[PDB]
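Asks: For reference, the chains in residue letters:
Number of protein chains: 2
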Amino acid sequence: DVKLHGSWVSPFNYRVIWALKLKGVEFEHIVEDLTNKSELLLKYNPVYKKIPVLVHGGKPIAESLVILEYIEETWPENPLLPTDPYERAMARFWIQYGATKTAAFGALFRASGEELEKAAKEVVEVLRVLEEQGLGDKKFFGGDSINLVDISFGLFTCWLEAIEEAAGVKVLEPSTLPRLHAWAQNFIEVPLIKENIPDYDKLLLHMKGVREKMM
Amino acid sequence: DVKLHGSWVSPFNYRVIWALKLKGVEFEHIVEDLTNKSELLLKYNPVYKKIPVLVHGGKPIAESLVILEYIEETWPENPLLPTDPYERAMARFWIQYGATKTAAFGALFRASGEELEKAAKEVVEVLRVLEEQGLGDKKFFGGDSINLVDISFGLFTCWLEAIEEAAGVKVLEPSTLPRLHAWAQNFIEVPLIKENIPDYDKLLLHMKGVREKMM
Ligand SMILES: O=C1C[C@@H](c2ccccc2)Oc2cc(O)cc(O)c21
Ligand SMILES: O=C1C[C@@H](c2ccccc2)Oc2cc(O)cc(O)c21
Ligand SMILES: [Cl-]
Ligand SMILES: [Cl-]
Numbered sequence: 003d004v005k006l007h008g009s010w011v012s013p014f015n016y017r018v019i020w021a022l023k024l025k026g027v028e029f030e031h032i033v034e035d036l037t038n039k040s041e042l043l044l045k046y047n048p049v050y051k052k053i054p055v056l057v058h059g060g061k062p063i064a065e066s067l068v069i070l071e072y073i074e075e076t077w078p079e080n081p082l083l084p085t086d087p088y089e090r091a092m093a094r095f096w097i098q099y100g101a102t103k104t105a106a107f108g109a110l111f112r113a114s115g116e117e118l119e120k121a122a123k124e125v126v127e128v129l130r131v132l133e134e135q136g137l138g139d140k141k142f143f144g145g146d147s148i149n150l151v152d153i154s155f156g157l158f159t160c161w162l163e164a165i166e167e168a169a170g171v172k173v174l175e176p177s178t179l180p181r182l183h184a185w186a187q188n189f190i191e192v193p194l195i196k197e198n199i200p201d202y203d204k205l206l207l208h209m210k211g212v213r214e215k216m217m
Numbered sequence: 003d004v005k006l007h008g009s010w011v012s013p014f015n016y017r018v019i020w021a022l023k024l025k026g027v028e029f030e031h032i033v034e035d036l037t038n039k040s041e042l043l044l045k046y047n048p049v050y051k052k053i054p055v056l057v058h059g060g061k062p063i064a065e066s067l068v069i070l071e072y073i074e075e076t077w078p079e080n081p082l083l084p085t086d087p088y089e090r091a092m093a094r095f096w097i098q099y100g101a102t103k104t105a106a107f108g109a110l111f112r113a114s115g116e117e118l119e120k121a122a123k124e125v126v127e128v129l130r131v132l133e134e135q136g137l138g139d140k141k142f143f144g145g146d147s148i149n150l151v152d153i154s155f156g157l158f159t160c161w162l163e164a165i166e167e168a169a170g171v172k173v174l175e176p177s178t179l180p181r182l183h184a185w186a187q188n189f190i191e192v193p194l195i196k197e198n199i200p201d202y203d204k205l206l207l208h209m210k211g212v213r214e215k216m217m
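So the sequences go chain by chain: V and Z. Just so you know, we're using full-length UniProt numbering here: the first sequence kicks off at 3 and counts up by one. Just so you know, we're using full-length UniProt numbering here: the second sequence kicks off at 3 and counts up by one.
Quick caveat, the hints were computed from the structure, so don't treat them as lab data.
No copy labels: a pair is met if it fits in one copy or bridges any two.
The calculated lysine-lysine pairs, modelled on DSS-like cross-linking and capped at a C-alpha distance of 25 Å, are:
{"no.": "1", "residue 1": "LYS215", "residue 2": "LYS120"}
{"no.": "2", "residue 1": "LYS123", "residue 2": "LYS52"}
{"no.": "3", "residue 1": "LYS196", "residue 2": "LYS25"}
{"no.": "4", "residue 1": "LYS51", "residue 2": "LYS103"}
{"no.": "5", "residue 1": "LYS61", "residue 2": "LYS141"}
{"no.": "6", "residue 1": "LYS103", "residue 2": "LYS52"}
{"no.": "7", "residue 1": "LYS204", "residue 2": "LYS215"}
{"no.": "8", "residue 1": "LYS196", "residue 2": "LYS141"}
{"no.": "9", "residue 1": "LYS51", "residue 2": "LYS5"}
{"no.": "10", "residue 1": "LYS103", "residue 2": "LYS120"}
{"no.": "11", "residue 1": "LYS52", "residue 2": "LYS25"}
{"no.": "12", "residue 1": "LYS39", "residue 2": "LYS210"}
{"no.": "13", "residue 1": "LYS120", "residue 2": "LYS51"}
{"no.": "14", "residue 1": "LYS103", "residue 2": "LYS39"}
Using the sequences plus the hints, can you model the full thing?
Replies: Below, the structure written as structure tokens:
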């Protein structure tokens, strides 16, 4: 009834895995080979031809942020967004902030030496705004438990750690981002997240390969 | 009770004007001078320092797409989104498609001659996907009346017309995009839209100035 056209490494696909597991939704995970995309993937997502694609009752939903809101509306129990409209707008605002800034992380796999340091410092500043104005003193972006905002920022945990190791630069450190670093540790320790993340060695190998083609 | 920090030309600000007027919400329009931003604008939107910013009960909401969903949730009567989750996901998908592609329209004010023709043809292709897969045979993206998707694409009416005149290229034409061109005419003729759009001569003068600094 629910199928997820995914990947073993995509952070965008893992957002969907987390939301489905938080709702207790049974699903079939179909891992796509991106060098030879299936006929179902091209039919279900003709506009972008990308994963993830959620298929529910044979009907496709593409784009991880659109999928997450669909899951929240379709399975409303175990809510992943607040009820108050102003609080929901703040959650959507921070999710969109992450979506707009995820591009500035590309410079980490494009720049070198005394240019890569500047790219890392710019990314620390992006994360500091999120820490100060978004997270604040809460344990999670969702308060006492994870919500769609935590899920949307999960890529700043093991995926960012792998990018840091592949590029040879430091970004999310406790000295510079104390609350965000504590959040990243708490997020990765949530049993649902810990049991549903790529193997770090495999993820690091994937990130090293991505950095190689981006130079 | 409701204030809108706006502009006389921003299409993003006009999205918010339309949604407020469709809900019958009374508001004060505060036109900001972007060369000397008010202390209230910098306090209400510290992350982007941009308009529009909706202020409701003294609490600010920035980013036109976030504001639109806040208005829809706060004033649920006269709905601007469908009730079915799959239909709501399709609406959010097309809104995000427009938000991702609005950047490719910048090339219209950057390129010249036999390069500007290629940029215009690329934009026609972006609009054709929206026409075929999004609009289809419906009068509006919202069916028989305008919804958040029509509002999000309203910039493809008089703002795109002004960009076409300023740049000297044609994009949205009836021969090439029959259904989307009929939609743009029907949208601009909706009394709520017709009574709430910038004066074309002033908008064209603004677009010519924007093209001059972008070259
Ligand atoms: O576009 C991105 C974003 C990037 C990232 C991860 C963590 C922090 C910042 C940026 O990770 C990726 C990995 C992929 O397998 C495919 C992607 O398309 C991306
Ligand atoms: O970013 C944009 C988008 C652009 C547009 C309009 C119509 C069709 C495509 C693109 O119009 C604008 C006008 C502004 O006063 C300020 C802006 O920041 C924009
Ligand atoms: Cl995605
Ligand atoms: Cl905006």
